[PDB]
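First, one chain by itself: the form deposited in one PDB entry, in structure tokens.
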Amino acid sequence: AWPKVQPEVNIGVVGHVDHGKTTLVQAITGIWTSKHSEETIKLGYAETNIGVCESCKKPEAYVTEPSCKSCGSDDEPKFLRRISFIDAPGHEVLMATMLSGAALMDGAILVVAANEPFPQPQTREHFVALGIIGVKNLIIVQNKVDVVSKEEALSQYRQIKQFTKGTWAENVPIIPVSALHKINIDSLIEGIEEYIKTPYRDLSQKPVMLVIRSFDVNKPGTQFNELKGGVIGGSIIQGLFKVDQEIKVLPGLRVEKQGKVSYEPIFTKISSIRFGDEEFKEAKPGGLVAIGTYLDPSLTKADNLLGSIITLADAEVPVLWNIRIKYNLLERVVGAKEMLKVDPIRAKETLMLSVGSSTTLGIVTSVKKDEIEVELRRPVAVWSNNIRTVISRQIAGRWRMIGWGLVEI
């Protein structure tokens, strides 16, 4: 038998909308992401086990369920790992969610339609977005190869391989498939194993989890004495959490008093840990977890806590209202139909910073070549110095990434 274990890695599936992201995840997992249930946790999210048939031949040997029959064995295949997929379906340019999901990803798949000319505009943007959020274990999937000749396909392979020449993606593998008719889906599973390894985990590190959702899971009609603590859900970036640990939510609760706004950490205990509809006793990185608490539900209702981080109660985690960022910029942003150039940061101009799952707004109080300082509209929990942030500006009525950087403390 295969063990029931949580997902150990997140892989984001992204690409120009309509190019087949949602279908591809379904080909692999057997689940359809928009929408799914339930659950809640939004986005697209789907998990699958991944296994190998030792007797049989690769790629065909790879399997997402515990049977080797397809290669001729009644033998049980070797369990490799459980993985999860996160894809943001539908409307794009809407992503402060690409930034949330950004910090969840241990690697990505960029879906490229084969019956359409490459790069499309949203396809170039996603390729830069990926560099900015610094997720570099990347497989490029050439989808819909079934609608075009081996030849039209190799042509696009040429174009893609060329377009990544000189880039950090120069050696990123390109895998042809049909998500809709399920062709060569095994080559892809092989590639995922080869090109997106579960990262080193250090379990001694201080537990930290980004909150991407919060619910009140009590159904209407629920008797008061049967009520359930608020549920927070999100993904653990480091350390591990255990049922019954004491934890706190940062920045936490927000106070008026009555004209001067501050933030108080929110303290509570972990009542339960769920991955999918599986309960567990611990939560490590990878996958999206649902943490039950002893919190008054009105605290977690309707994603109130979105953007928070969760640490253990006695953890030491600065909450700052001003931050120093060592930053790089892009020379040009894809912009309108034409390439656009980014002005250097100017004093007092307001910016959008994504830290972890937080998207928070700030006014730039100092600017130099490699560093800037911003006054934040809302404080951010900085759980370490390595923390990557994504600077974005207001360009044409819509917020758009102009570069990235490291928060310094």
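Numbering follows the first chain given and starts at 1. In this text, rigid core is short for the largest set of C-alphas that superpose within 1.5 Å between two forms. What changes on going to the form deposited in another entry:
Among the candidates 322, 171, 149, 204, displacement between these two forms reaches 2 angstroms at the C-alpha for one position only, 149 (superposition on the rigid core). Once the rigid core is used as the reference frame, the Cα position of residue 120 differs between these two forms by 2 Å or more. After superposition on the rigid core, the Cα of residue 282 moves by less than 2 Å between these two forms. After superposition on the rigid core, displacement of the C-alpha of residue 265 between these two forms stays below 2 Å.
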The other form holds:
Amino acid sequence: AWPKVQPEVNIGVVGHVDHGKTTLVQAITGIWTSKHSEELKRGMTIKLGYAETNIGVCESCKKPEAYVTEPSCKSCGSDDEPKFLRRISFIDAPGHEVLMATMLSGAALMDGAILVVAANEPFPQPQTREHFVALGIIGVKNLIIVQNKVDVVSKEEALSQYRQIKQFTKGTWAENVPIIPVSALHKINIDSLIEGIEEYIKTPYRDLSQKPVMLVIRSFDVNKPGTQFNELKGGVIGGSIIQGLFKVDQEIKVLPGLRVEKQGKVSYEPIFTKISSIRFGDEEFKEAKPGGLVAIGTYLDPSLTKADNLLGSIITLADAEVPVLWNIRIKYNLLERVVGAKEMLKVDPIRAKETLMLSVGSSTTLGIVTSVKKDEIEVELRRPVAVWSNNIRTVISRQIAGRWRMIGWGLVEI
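Return one more block: the form deposited in another entry, after the form deposited in one PDB entry shown previously.
No partner chains or extra molecules come along with it, only the chain itself.
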């Protein structure tokens, strides 16, 4: 039998709208990540999607077909159980340009990534570019490029596009990144993609001695409708542990925390609670480590966690020392061009008093520029941001023609 463990690695799935990210995740895991009614109605990913799968290999069989996502080797004529390799998980990002900030959030949770490129659309599309560049900036460089939808084009058309992708990646950090052609919809050449995942997205080393930090992207509660208040189960906080590990019964805090109103005046106070449960997908555990999206059960009033209220927060141990900042200094660099725009645009220098969007961890916050220098800016934030380390990368976006576009990045200076 295969062991039941948490996923040990997160693989992002990114790319331009409708290029087939969610269908690819389904082809690999059997799971459709879109859970929300609006997503299903509109036929699009809006919030970050999630799915897990075990990965194994039939040692007596030929690759890539030997790779499996279930404990069976009958597909290669063997009655033996395949060797369990690891459990993996996917962070499924929205492709729509208006949702770039959500991709950025997701990128903070990724150990590696798949960039999905549709073989039947002209490469490189705006969000192909924007997602690629974002991955590069954030440091998600264990990348596989997947040519999807090859089922609707000839081999030669696909090869033409392949050449284009090689041209695009040449001279960049991704010059030697593999390109794997598949059909996500009709499930063709998926085995080669599994093989590629095993080869190019190794599980990263984890320093379990680092202080526990979790980036929050979800919050909710399991209580069925018509439940007595005095017997409601506590709120649940979902996210990914980026360092250290958490354990059941640990005293934790949510930062920046809760919005407090004192007659118009608005401040933030840390939310202290205790871990009552730990779950990955459908399985319970006593501890949670990096890799996978974890659901942290708590003793919080469900009203505090309702409807992903805590998105962008972080969770640490109760006694951790973490700056919660309403002003930040950033050592920055701007892109030459607004890569996510349809028409080519040069990035204008940062100006004092302009409003910028800052992506830090899973958080997205607007701020006003209070100082501009060649290598540094200072920003007055509309809401505070938790800065858990000294080398955190932020992504900078600017509103151009009514659309928030990535224009640069920086290090948050402590």
